[PDB]
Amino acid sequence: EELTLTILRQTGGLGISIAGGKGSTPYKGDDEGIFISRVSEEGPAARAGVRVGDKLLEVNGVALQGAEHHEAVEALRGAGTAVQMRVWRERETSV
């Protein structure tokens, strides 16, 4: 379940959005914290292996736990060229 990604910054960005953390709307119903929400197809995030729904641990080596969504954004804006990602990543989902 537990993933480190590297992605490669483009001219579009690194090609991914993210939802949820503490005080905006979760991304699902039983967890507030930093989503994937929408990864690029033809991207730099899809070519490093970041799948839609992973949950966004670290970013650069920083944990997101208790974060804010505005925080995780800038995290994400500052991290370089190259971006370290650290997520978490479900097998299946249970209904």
Contents of the next structure:
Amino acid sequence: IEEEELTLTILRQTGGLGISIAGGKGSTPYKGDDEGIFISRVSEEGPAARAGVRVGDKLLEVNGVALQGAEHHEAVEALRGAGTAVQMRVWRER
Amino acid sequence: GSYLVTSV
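Given the form deposited without the partner chain above, what does the protein look like in the form deposited with the partner chain bound?
After this comes the whole thing, all chains and molecules, with the earlier chain placed first.
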């Protein structure tokens, strides 16, 4: 469907999650006028790739906390925590 | 504004 809603769980690595994020409140939108947090890069054969994350996915929630209204730095901080796993709910435009 | 990207 138009927006596929997926729940993806990244098994963290000492090198991180293997993704780059773009966007955030007050920053230049990744697409349209949407200030949300988006996956802009996925490292091939990295943790996020193994978890099924894809470029263009919109990040709605990280470890059960909404990113609604999040500035870029908040999203970065949310993804640089100590947990060995990162659960994210994303919307994927098909 | 600025188009921010951060590797994570």
